[PDB]
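Chemist: So the chains spell out like this:
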Amino acid sequence: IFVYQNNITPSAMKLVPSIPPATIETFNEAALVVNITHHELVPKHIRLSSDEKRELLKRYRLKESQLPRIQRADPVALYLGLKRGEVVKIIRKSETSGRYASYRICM
Amino acid sequence: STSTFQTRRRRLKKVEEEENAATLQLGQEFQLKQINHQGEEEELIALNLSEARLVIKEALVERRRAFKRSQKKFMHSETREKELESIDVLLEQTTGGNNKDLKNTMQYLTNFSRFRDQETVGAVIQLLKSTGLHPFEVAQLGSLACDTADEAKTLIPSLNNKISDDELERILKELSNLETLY
Amino acid sequence: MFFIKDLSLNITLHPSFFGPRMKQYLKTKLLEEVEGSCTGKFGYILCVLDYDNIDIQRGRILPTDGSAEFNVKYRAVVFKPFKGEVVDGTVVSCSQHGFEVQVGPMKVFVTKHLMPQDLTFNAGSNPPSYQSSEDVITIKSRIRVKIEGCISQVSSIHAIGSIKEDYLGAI
Amino acid sequence: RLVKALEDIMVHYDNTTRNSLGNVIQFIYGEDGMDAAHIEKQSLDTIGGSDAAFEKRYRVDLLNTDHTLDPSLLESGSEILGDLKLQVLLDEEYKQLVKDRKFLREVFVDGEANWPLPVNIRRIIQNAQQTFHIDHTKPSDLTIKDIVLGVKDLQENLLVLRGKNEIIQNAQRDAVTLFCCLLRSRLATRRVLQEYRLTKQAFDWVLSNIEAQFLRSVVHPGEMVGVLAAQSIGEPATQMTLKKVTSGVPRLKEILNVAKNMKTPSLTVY
Amino acid sequence: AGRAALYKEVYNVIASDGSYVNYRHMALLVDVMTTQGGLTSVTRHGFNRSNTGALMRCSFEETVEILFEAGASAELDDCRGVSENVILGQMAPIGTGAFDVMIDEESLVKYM
Amino acid sequence: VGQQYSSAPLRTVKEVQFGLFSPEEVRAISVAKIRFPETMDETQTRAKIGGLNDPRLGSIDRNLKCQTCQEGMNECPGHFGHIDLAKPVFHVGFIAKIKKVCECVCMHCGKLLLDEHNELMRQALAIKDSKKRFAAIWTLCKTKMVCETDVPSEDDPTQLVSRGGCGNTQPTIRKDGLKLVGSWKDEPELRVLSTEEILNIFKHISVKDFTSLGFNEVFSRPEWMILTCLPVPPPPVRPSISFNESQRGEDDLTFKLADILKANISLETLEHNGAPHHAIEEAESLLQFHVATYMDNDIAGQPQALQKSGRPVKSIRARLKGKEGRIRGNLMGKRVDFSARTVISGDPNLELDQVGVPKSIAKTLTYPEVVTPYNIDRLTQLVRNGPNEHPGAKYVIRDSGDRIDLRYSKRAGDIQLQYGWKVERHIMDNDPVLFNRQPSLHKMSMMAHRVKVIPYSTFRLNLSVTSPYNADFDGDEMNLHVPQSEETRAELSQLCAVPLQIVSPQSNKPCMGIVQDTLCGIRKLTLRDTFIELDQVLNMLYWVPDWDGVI
Amino acid sequence: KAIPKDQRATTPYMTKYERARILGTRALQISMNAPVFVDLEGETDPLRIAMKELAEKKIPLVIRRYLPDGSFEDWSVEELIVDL
Amino acid sequence: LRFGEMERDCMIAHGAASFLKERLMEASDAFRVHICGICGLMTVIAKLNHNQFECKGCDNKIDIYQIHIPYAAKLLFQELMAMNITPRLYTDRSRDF
Ligand SMILES: [Zn+2]
Ligand SMILES: [Zn+2]
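Chains as they are written, first to last, in the deposited numbering: chain L, 109 to 215; chain A, 4 to 76, 113 to 221; chain R, 1 to 171; chain C, 840 to 1081, 1092 to 1119; chain Z, 1343 to 1454; chain P, 2 to 186, 195 to 560; chain H, 72 to 155; chain D, 1128 to 1224.
The hints are simulated quantities; they were obtained by calculation from the structure and are not laboratory data.
The beta carbon of each residue, even a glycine, is placed where N, CA and C say it ideally should be.
Simulated restraints on C-beta separations: (1) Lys171/L x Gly165/P: 34 to 40 Å; (2) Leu111/H x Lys518/P: 38 to 44 Å; (3) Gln1008/C x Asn71/R: 33 to 39 Å; (4) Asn71/R x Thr144/P: 54 to 60 Å; (5) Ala952/C x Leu111/H: 50 to 56 Å.
Mimicking SDA-like on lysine to any residue, the simulated pairs with C-alpha atoms at most 20 Å apart in a straight line are: (6) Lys166/L x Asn1004/C; (7) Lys132/P x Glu1404/Z; (8) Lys1092/C x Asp1359/Z.
Take these sequences, add in the hints, and give me the full structure.
Modeler: Below, the structure written as structure tokens:
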């Protein structure tokens, strides 16, 4: 994880996806001043083990594509650093039934 | 129609329908690897006459029976020319009576037949089934008289290289030996 | 050559017969629209085996009328000749253009010119025949033919066969 | 549009809400699996009211001359005062009604207590009342176990989803949660005996009813909820016949179009 | 969080008129408009581009234009869509048709 | 439906495979040579020439013949015809792509313009979705304007690897009317891209190239977006209209084909006669035109192909365009039988779930009942009664699929019914029906009611069930539909009946109430102030039909 | 694919759509001279006989319940509880 | 009278499957066409009499189906074909799911 101030050089950024497995991410100061996850609206998410996932499917008899998705750039997706394929469990409050469990795969 | 155990995914262009010949290339519906209802694989079913005569008889009979289980509410005798009558009956009982085909199949099947004992026909089978030969052969062989390997390997060209003349000849020897009399 | 192929059929049953012994009626109708049928892909449906253990499965009710539809999975003895198949039968008809042999439920015909040479055709015979040095072929005589080609048609299958090869002729 | 946009959506046998592809949209129709039809505004008493009143109403302490059930209510009243093995059930019950509180106050911040929910309990009892001519004079005949141990066994049979595993039998507890709070709320020992003098009969009945009246409010796998939802909105959007912001029909148009340049952009910061 | 907003906003458009609509509905809609990924608009430019078969999107705003590009890229249609069946004259998989009905011949005996 | 039985098994459509027609198939399928443009008059003699419509296609004049297919008019769908073009033409709607494809592949050797080699490319060849795997590739090749011969592999940009050959520059392209043009770059080179050319470059494109681009080897090869053989919709798609005999009545379509045909022959007779080289491509545009307008007429390239009298011309497309047409106005919604409409009025004497059907209509509308021992009697009575008295019927139908018209038939009063036969009878008291008021935007805009045959001419519905339909009696009309299958009704009475609609889910509360008089009045009658004396109290009691007779 | 009568997971109860359709379907047949498995207490309206067969749970039908992925579960009018 | 989009949308709402089909078919269009089990088109030359069936081109005689569909739809298709687009009608699903 690297933290740039005003910005990085477009000549630089194109050097992150050049040493796999290893992964890198880029964050601007101004976007980390406030934790977006603390906002009244944004409910809490959770990463699912490649085990917990292969289960979510088998229990709902779902194909990967029939699952509700989240953006690879989606704010919260970055706060946890998802990877194309990683599923998230979204647990929020409900005026119909206290808690509702939901899932968001990534794309 | 009468559908057939496998759904060949026809993708518009239905063209290639090969030749039917004693090159053992029979319609797609008769490869040697067909599917049983239970969902299993099973060798083709090759019936040589007088073996068919028995299988057709077998059911036509067990039919008459279960055809009376509901109406309430190895030898025989030289039934030749005797069998012509004894069958016409089994029919005028358990047949469509408009199955002129079956009638004619029973005559032929019973006139040209070569075995009367489900025991004799049993050996016929226990014998040829050691060849590794393909079912259509292991049938033409059973219902076709043959003295020489030539009368054979010629009226059944699909054999030509799959078996030495000598062997195919012993089998032919043991055929006319078992060939029930009349 | 005769076969035992695993088939299946679809019968639409009117509610009328939704009786106590339905199974019975089905089977019976199976046998009406099968035994004696003919296709180029199956040949001759001659006889349904194991009458008893015929699988009916659960049939579904259509959706405008009450007729139900069951996929009857059965098994039977079929027989469909081929080109290059060797079979022998009983002659039936015999004319100037040849004689027709009857192999089983089918009828194979042999062209005069598809026979040999030394064999001529005697018209002034009764019953009609074909004479040779030593061979005599007519009505009831048994022959062994080699099926050269097949032709499917309506509810039958005819075919031409020769007796001009070896180990072919009368018996 | 609204309609063409949701035709294909309906509740499938697994109790999920999907469209024509198979794409889940809601894993439980309405985040609760209840058919809107079977629902009424009830009140979650547990929420509103001073921390004081709460105690005087739901608290029971069998180890105290002034906080125990006066034997004038329970048949086995005098022989209870003190019993320590009961005070644990009794205390479990309370440390729960307590959790319920906070939980609710974490969901409905407003303090609003009236919400739509399945099974009208208020009335389910009302009947029990005059159905057994319960007299407010003589005492009940409920073991404290009878109560607290049936209310629990009740929640157990309020099934929405039926799965045979964990991931499923877990969504279960969830889709119910809100209901139970109301449930535990209305079937609290004190209440059950001091407010509505139910006998064992009354009670065991009130219980049967709730379970079945609930299993009725479930949603039927078949409902073409998509269309429904659409109409339910577009409909009252026609009866719209028209403090200074874009509001109403022209607005709803804006929204559905996911328009970038809304006439009024505002934004409230606290 | 967005969903939560989209909903919240929409709810305010129905309440400003003193009318009441049960969550579930605006909820469902808000959801449909959000699962996919971000904000999918209820319009010819959105939900009518999704993986849904042709014939269904056919019945809305682009018809022919949509059909053309269907035989072009040889699309395949499931006929699981409401519309689909309606166009074919078939009983669609909807309420009354979310299942099949059969004659259990077995139980059709103990009944006599 | 249709009548006449067929030994053909019967199934439901399960999948729909969208393809493009291969001139080859188009031919195969057809049964019409379609060489002449005329209609019939074999020298005025009436019939049809083996030219247009019926060189064996469907038919007219109420005459069996449909390629012996007999059956006649009703039951003989059309039988497509074809008509070999003179020179390949564009496909008005595909032009948009035919272009984009070329900008995607270069001519001469016809092959992609970016292989696994270019990296930005791989990431595109993975996007599983012909609809995006294409709008991606294109965006990466619309710019490349040189069919590269060598590119820097996964190693050194120093080392240059070799692939396909022919660096013949790639021309950018623009759309001018119904033709494609491009320049080749000192100074440009502008030439017209002949259809005959495009076709080729496509024909040569690779199998894995098709697919890489949003296509399909079996159902839709690009080389097909270009027409060479044109299918010819049979009469029923473009039927006529006869004013008995010696007149005309031809359909708009049957003309643009007539046109296309003319414009096709004129061409041909030029490539085999005095062919002034480039005085031909002036009549090849005409074809490209017609064979284009026939399908579409609302293009930006102005000319509407106005047909004599300035009437627009109905392009096939136009027939399907939203609303009032096929898809939306024929398939997604239809006119239907067994339906009535009139004016509605209140009648505080009907149960909620009923609805007053005027005798006039009850006698018009019918229900197909099937003769059964349970009814036989009742039924024969209705049949005896005739189609004029009310409780009666107006059509008996036996197994032999024949209609006995009760109002005529010398056997009117005769007839013995037969179990199995059906008896179209009159709608009767309590036949469930679907009632409704447009605009329909509620489950409830349509509910089922109990039919109650009444005199006078107006559907009489109960008051409280008013607000759901949202109706007033100020002259508002309503529609009534009548079920038909014993199971059909079932669906109405079990899910659509009004009593079930009482509590609306659209707002988890009841949706019918009590209004006007009943409301206003119900209050007055309540007040402490309000007292009622015996003489009346008694009548009032009497009115509540379920009164237990306990004053 | 099918599913064992055990491991069953659907709703033990009959859905309105089901019942609705069963009665209809059943009527249709009864109305077609299909055999009636109950004593007609004198009834003569199919959908009414159907309502009867359905209360003595003597309707020989089976409701196959397809799932989103294709597999199904089979319940009998017998089993299925009828609250409504 | 009219049973259009809106009135349909309600029947779908009601979940009244069969009744919908009924208004849509048996009480309006309804038509019986034939298909090729090979190339999903109306090509087939059904002589409902001598049972002959054929379909030269995809050339058949054996694999043939019969389906009931709203005439309007038939026409939808024919019209499409005339625009060179092919609507394949297949009676079995091979794509699974
Ligand atoms: Zn014809
Ligand atoms: Zn090139």
